[PDB]
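S.K.: Can you make the complete structure from the sequences, with help from the hints?
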Amino acid sequence: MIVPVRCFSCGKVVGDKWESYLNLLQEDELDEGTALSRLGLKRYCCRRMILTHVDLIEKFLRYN
Amino acid sequence: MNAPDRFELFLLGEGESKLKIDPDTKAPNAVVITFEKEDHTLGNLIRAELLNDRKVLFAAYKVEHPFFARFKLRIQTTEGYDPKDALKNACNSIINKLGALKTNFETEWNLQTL
Amino acid sequence: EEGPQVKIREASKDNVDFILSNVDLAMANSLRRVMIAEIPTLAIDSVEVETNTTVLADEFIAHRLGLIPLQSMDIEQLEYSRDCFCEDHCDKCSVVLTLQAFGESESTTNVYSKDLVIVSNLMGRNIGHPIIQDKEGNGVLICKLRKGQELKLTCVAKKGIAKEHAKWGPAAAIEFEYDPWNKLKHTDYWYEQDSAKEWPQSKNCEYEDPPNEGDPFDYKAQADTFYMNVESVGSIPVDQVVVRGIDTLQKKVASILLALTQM
Amino acid sequence: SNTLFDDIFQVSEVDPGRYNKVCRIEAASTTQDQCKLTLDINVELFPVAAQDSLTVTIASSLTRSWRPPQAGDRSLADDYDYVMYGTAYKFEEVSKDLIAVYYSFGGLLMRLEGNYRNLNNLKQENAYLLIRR
Amino acid sequence: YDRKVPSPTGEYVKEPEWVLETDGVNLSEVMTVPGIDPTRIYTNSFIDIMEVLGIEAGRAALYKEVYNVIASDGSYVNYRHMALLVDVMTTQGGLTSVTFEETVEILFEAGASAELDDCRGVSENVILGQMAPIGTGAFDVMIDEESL
Amino acid sequence: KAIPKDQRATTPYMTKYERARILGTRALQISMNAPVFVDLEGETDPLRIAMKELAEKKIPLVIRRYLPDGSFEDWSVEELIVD
Amino acid sequence: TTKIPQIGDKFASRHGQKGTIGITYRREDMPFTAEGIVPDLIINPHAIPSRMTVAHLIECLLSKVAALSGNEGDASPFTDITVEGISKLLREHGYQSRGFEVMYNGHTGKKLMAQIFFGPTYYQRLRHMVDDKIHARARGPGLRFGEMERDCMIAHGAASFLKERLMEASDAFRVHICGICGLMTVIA
Amino acid sequence: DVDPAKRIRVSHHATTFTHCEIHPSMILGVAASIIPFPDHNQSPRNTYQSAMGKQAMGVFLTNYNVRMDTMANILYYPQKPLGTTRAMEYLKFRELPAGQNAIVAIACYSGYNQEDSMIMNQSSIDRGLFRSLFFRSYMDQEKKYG
Amino acid sequence: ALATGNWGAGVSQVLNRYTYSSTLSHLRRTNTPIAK
Amino acid sequence: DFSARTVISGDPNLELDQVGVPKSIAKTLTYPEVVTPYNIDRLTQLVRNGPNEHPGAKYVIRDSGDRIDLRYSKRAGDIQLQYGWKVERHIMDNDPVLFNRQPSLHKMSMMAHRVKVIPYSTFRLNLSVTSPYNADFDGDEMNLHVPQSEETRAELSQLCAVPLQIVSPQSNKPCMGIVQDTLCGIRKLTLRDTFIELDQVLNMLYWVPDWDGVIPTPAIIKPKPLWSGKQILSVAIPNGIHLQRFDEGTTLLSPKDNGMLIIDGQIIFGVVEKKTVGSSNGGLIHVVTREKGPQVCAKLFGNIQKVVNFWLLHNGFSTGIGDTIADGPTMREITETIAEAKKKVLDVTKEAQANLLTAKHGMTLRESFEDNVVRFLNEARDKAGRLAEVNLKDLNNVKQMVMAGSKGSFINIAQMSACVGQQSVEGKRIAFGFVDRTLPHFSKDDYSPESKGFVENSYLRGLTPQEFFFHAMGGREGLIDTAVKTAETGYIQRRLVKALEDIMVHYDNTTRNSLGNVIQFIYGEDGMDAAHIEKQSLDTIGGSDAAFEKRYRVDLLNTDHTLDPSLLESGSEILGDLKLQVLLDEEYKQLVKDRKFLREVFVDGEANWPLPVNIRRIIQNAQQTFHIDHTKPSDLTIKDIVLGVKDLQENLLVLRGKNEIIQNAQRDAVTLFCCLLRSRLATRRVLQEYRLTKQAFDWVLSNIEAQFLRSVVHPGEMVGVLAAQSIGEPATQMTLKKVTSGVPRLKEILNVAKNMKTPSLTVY
Ligand SMILES: Nc1ncnc2c1ncn2[C@@H]1O[C@H](COP(=O)(O)OP(=O)(O)OP(=O)(O)O)[C@@H](O)[C@H]1O
Ligand SMILES: [Mn+2]
Ligand SMILES: [Mn+2]
Ligand SMILES: [Zn+2]
Ligand SMILES: [Zn+2]
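Residue numbers (the authors' numbering), protein chains in the order written: chain A, 1 to 64; chain B, 1 to 114; chain C, 3 to 265; chain D, 2 to 63, 76 to 146; chain E, 1287 to 1385, 1402 to 1450; chain F, 72 to 154; chain G, 970 to 1110, 1127 to 1173; chain H, 722 to 867; chain I, 460 to 467, 477 to 502, 509 to 510; chain J, 346 to 1081, 1092 to 1119.
Hint data in this document are derived by calculation from the structure and do not stem from the laboratory. Beta carbons are placed, not taken as given, at the ideal position from N, Cα and C, and that holds for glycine. Hints are not guaranteed to be accurate.
As the list claims (entries may be wrong) - 25 Å max Cα-Cα, derived DSS-like pairs, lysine-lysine:
1. C/9 x B/97
2. J/738 x J/620
3. G/972 x A/59
4. B/97 x C/94
5. J/977 x J/895
6. J/601 x J/637
As the list claims (entries may be wrong) - Some chain J residues well away from chain G (every beta-carbon gap over 12 Å; in silico):
7. 689
8. 714
9. 778
10. 910
11. 1003
12. 1009
What the hints assert, rightly or not - Listed below are several chain H residues computed to face chain C (Cβ distance under 10 Å; list not exhaustive):
13. 740
14. 744
15. 786
16. 848
M.R.: Structural data, given as structure tokens:
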């Protein structure tokens, strides 16, 4: 619904990287993989976390 | 639910001990100790040292079911040599080589930048 | 200093790559495990919810609060709540943190873990503080509000071990390798046409001599040298994941000598 | 307490077929027209090549636990490179008016054809096997 | 087809033979055709076997139809289970197929026929509060006054 | 309608069903504080006790076997061979 | 309620094979890659060759590349996506190219003789779980014993059981009975 | 000179075409449009997936908090599949997914995953893997025809 | 008739909402009452 | 009532006969246990714990019939039990309970297990009980039933308990074996090259719970102490167990490590796979059951599992996409394989197109054409798949499963890696459901492979759209056929059981209905229990006349054809003795008749037939047990043998009546077993082959006789139900030529249908 706090599998914090990841794509124009590796998410387990997040809360916030 | 609390993996119920030591019937100068609220971390380590001891005739451990944090270690030794003595000898070495290693490390880390 | 030998090759606030040298696989593996499972650490483990008009449910939020890593350098000097003589919690067994947020702005207001206020007496032990490692010093995103929405909470942290719930774990991944060439033949490589074309060379191979095709297999060799790399989440600095890691084992094994003595 | 056959062999052939650590020597006796060895060996612990040659002794000691080296730090009823320990399962292939005794070393197998040690080769297990290069 | 037959020296050998196989069945009449072996003619219609060759030959056809079915899938069941079945099907002398308050209908008939219920079934025994004379119930147990 | 002790034609071996029923009738009795005939060389478990009983041949019971035609033979526990 | 996964809950890939969780292991105890990656889930090889679900295996290869490279991996049917191509790309990225990795046993740290096909695959949590599914009716004041269960008990010969189970608790009434006219006419 | 790893196709022996397919993957329905590589599966299995998908938990609508239905399952942390189909775009499966990308090993390891069973990572669970919300609504009417 | 399925009956059913694509699927179902 | 139902899971750490029951379920179900001085203390404690702490209790009932409710009861902490009260206690470790997976189609779907109380919420089971219950761990649930009295507990443990159902009557072999992992791995463990080192050895050894504590001696001493995989498994196979088996050219030096040979409980040669340790006619679990009994056999499946899954946990095993890729060169050969078959097809086509093809005899031209193209295309699929099999290596993990026996077969290799092949709907190639075509992407009158459903591609490679759709047509037909099978089968099964349910064996050995009618004058025509019957070869039947006379003829009056004097002590002294010769002529005449008789019974010459008392394995035991030297003459005499074997025949009793009729029955019942007997213990075999001593010989006999007597069926068995369930239950795994077959046939049989679908006469 919202970035998860850590990689389910390794524990790395990943919940402090979502705003940046998204800034890194739309503001500095990197392809998703280059952007991930810039946030230091280099094992495929963490990469999967950000790359396949879906921020549903952004929809949930539209209701009154 | 029917899930046993997680604390049960490291913390002794009422009435339980760290060790129970029992004589083994099968062969001489043998013992079986059951360790509670422990698992492989200890169990493979005590074990593997017991085997660096040449008065150690047998050593082996197992966790009989993965649901319970308990292991069972069987030491057999040469005539005259108490197995509980072989397990002080072996827990002793352990502590000593680690001793060692936290020092070799605390060192190597001020030799260090970043 | 004779015995098990160390050899850091990199270090960083966050990771420490090293090489253990002159030790058994078991003690190596054991230290790996301890670092993963049994180093004490501090983590939200109770959450009272005064108000949540958020779009997330409470246990969803709670769960997320248990996961925010909290400073833990001085955690030996916090007693486990279950050893303390207080009724429930207090300042010897617990930090208490507050969280209030209100979606004041029109646009969407984020709640981050810097918005966590400690509310209890620390006795100047360095614990409790939300850890912060992003450029903006937000740390972790906890929630999001809309204009009109509210969330007020208290939390209690408590000392704990990842065995009991991973939130309490300090370490994150732990690289661990040995014998990169395969000399020990501890593994047997799968392949279609050629084993060496088809498997990638470990970085750890440089550090070690390739074998020579003549050399008949060495039955006596053992596993003596290990390539590790411990990565910290941050509640505990790294060197300290190891040192407390070695130290926790050493206490495990001493509780075993103490209880032969009591037999 | 004894030893019980002992001779020197010529290696015809070394088949590994399908295995990696293990291979099947076909050897001859230098001496007898009659006495042969087909035998399975751990080639990683003890390599072996075509035409190499072998001093081979069955023996029968120097059934209680097994206890590590230590007795083994002086006490070697071996001056050899290579020692196995098996079990005879025999079939006394008593074929032609030559013998064949069979032997299994945790499943690494042997067979001796020949004749002169019929009143020699244990009916029985306790049987070691020993090789120098 | 190949047919295992003993050879002049005693051992079994293959000896092919032609065989005819038909769609449709006229056993009584085809049996009688010159040149065939009437002693080895077969059909998968066990009814016709029983009509021409009798109850026993039908029983043994029927088994062999049952056994074919079960082996054609490739499984194996011991003889005696299929033998039991096929006996149950043929013991009256022909081929018999095996395929608060209700029921009253049936009890009225019982009445009027003077039905004698042997009381060996498990339901009847339930209604009566008893064990059925099967397995562990097929004997009685009594106190051994004759012993020291 | 009864069949003299000689001339009895049924197996001299105990069947699995008789054995099961004996042991269990007897354990039912031992479980209701019925006197026991054998040395409890520790046992507390009534089935187990009963089986000790059956092995020492101290179960005084008789198996009445009906034949399909109404007629019956009586075989004692003592006498039945247990295999 | 929040439902946290448990022994007993059901899960599936998208290739028409489910399972239940038969136990959980904390991460220490799981096998690991030299990079210290550990599995979230471990499925048994015996579940594969008969069902011939090669698309599972291909999804896992493709999915490893996708994660490593940050692209969405094209799994549609009827294209020119190939394993060979997938495998190439994954080799470019440093892994052996059929998706095997060396792993190490958790309990010991020793390497594993065999290497292990390891990769992300998309799994679904399916509804309908050990808590909805467990009951246990033995009174105080399926799940039955029907025709077929009786028949098995007859087969084993268990008459006493069959009487106990199929009784009434409807008490045994007693009754006198003439031995000439079997009826319950007897004045007692 | 064709690619040894491509499938065999049997060429246009046709100069009379009147039409052409838009895309062959459009023969499939909604459910089977979510299976990756169905053309590499034995056919009954794609049939069994096409049922199970209907039991998976995801986010059925963005408005769940405001509905009140008999029963509902929302997964904490839906992830979109690393392996998708081009049909999914229309089915919005990336936006309202029903699944998570799990790191999976295929291995014999302890014997507790035999006979269509699985070992799952407890630590992974602790940190949220496959956790979901369940909601039950109960209703009741009042008085009636008395 | 909308509340029942009373028509030909199973003609009207409650819309599945387990998951987004189970919904779409239900809306796109067909049924045949009653030689291959 | 007194029962629970949940989800099942497997567990390698439970014994075959256990079931794990969650603690919550164990505090819900209860057993009424009577206070006595043997249990008043335990019952007391269980009362004080009460309903909600397990080992506890929910009610106490006194003298009165008064029911004391421990959860409410203001006196629940203060009960002083009396002898003769009752306590309803929670179930607890080792109570017997009955466990059942529905549908219960045969009796081993309801077996008694020993409780083990465990945490979490699933009922748990040993992997090897799975197959009788027909259960797996993807959802399946099963029901557990608690017996309520002492007699009922005895019935369940002394007749329905799992150990007693290892060997079943259905097929006179085991119905439980080693499966899945432990089967993949026992083979791996047992290869030539698998050696283990001391650290891992001792942990494997301590893993077997009743290892005597002796470390065995290593098969390698020399550069290094290394033990074999063989030896370590052997620790779990008990002493005095012998088994041998020859595979396609196994010898006693198995180049390939084929077959199997095991002596005194130690593996000598052979890799262990499904033929040895599976649920197989004459493998280890069938041997161990009989030689040492049910309880040890049931331990054995856990000691083998403990060992082997330990080893496999540290060895590892996996499978992956790689295991389905065959070589570039293999692929080209597969693709040509396939191209040639499409050219065969193309000629047969042109040939029918020119009107040159002939049908033969009531078979249409087009039927001929199709029969030929489908042979072609199947023959291609198959060659292509043999191709791929061959090319994969021993370390190919798909292959390693197939070789073990644990999962998968050739067709699976083939279709994954080489080619899926011709799809079919109702026995035929995909039909023209558009007018003269199978899909609109093709032109009309196209009978080619592709047009009619040949799928050339493998799964790895992927299907084309047209293939894809024809394979779904295919597939759908088996989904349908499957539901029709399951439903047809279930109705059959119930009707057979209702038909046969009252048939029982009686204490006259007769099998009868509830009327007392006779169905069979003796059960099974032989009076045996099918559980005690094994496939044995009847020796007299086969072979040439010369060969039978070398092996059995003893001619004491002929210096070439007597018993050499090294066979027997008396050997010198019997040469030319006339009156021994008279006995021996008599034994031969009976061997001769035997062979004639049997060749009339078995017209075919089939020598291997189920009979009770595995004589070869008794003799093999005698040989082990008396340490028998092949190198010394025996002290048996001619008369000892010849008359000893005649006397044993008289005591192989099935029927015991004093009249002539029952005697004839008895003799007829025991004829075939007596032929196998006289063939196996004939004089020259006893001396020249077996080399028995007098003492071993006398042991052989008295055992034959005890075992024979223990195979007889027991009166009271409900063989009806059994028959029916034995025939029905395997008619349920008919999930699957041009004669009506399989289930519809079998409907056609039991129904006695006037109007059968394919009636046929076979005329020789
Ligand atoms: N051990 C096995 N050996 C041979 N085939 C198997 C085996 N296990 C599963 N199958 C095959 O898998 C198919 C169905 O798979 P599935 O996983 O749905 O079985 P299942 O677990 O019994 O299904 P369910 O429990 O929902 O009834 C069957 O047609 C069967 O042939
Ligand atoms: Mn299944
Ligand atoms: Mn199932
Ligand atoms: Zn990660
Ligand atoms: Zn406190």
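S.K.: Work down the list of hints and note, for each, if the structure agrees.
M.R.: Now for the hints, and whether the structure bears them out:
For a cut-off of 25 Å, the pair hint linking residue 9 of chain C to residue 97 of chain B stands: about 16 Å separates their Cα positions. For a cut-off of 25 Å, the pair hint linking residue 738 of chain J to residue 620 of chain J stands: about 22 Å separates their Cα positions. Our distance criterion of 25 Å between C-alpha atoms is met by residue 972 of chain G and residue 59 of chain A, whose separation comes to about 23 Å. Taking the CA atoms of residue 97 of chain B and residue 94 of chain C, the gap is about 34 Å. The hint is violated against a cut of 25 Å.
Restraint check: the Cα-Cα separation between residue 977 of chain J and residue 895 of chain J comes to about 22 Å, which is no more than 25 Å; the hinted pair holds. For the proposed pair residue 601 of chain J and residue 637 of chain J, the alpha carbon gap of about 31 Å is over 25 Å, so the pair is violated. Separation of residue 689 of chain J from chain G is adequate, the least Cβ-Cβ distance of about 27 Å exceeding the 12 Å criterion. No beta-carbon of chain G comes within 12 Å of the beta-carbon of residue 714 of chain J; the shortest separation is about 31 Å.
The claim that residue 778 of chain J is not at the interface with chain G holds, since no C-beta of that chain comes within 12 Å of its own (minimum 22 Å). Every CB of chain G lies more than 12 Å from the CB of residue 910 of chain J, the least distance being 56 Å, so the non-interface label holds. Residue placement check: residue 1003 of chain J keeps its beta carbon more than 12 Å from all beta carbons of chain G (closest about 29 Å). Listed as a non-interface residue, residue 1009 of chain J keeps its Cβ farther than 12 Å from every Cβ of chain G; the least gap is roughly 30 Å.
Residue-level restraint check for residue 740 of chain H is violated (minimum Cβ-Cβ distance to chain C is 43 Å; threshold 10 Å). A hinted interface residue such as residue 744 of chain H counts as satisfied when its beta carbon comes closer than 10 Å to some beta carbon of chain C; here the least separation is about 34 Å, so the hint is violated. Contact between residue 786 of chain H and chain C, as hinted, is supported at the beta carbon level, the nearest pair being about 7 Å apart and thus within 10 Å. Because the smallest distance between the Cβ of residue 848 of chain H and any Cβ of chain C comes to about 6 Å, under 10 Å, the interface hint for this residue holds.
The structure fails to meet hints 4, 6, 13 and 14 from the earlier list, while all remaining hints are met.
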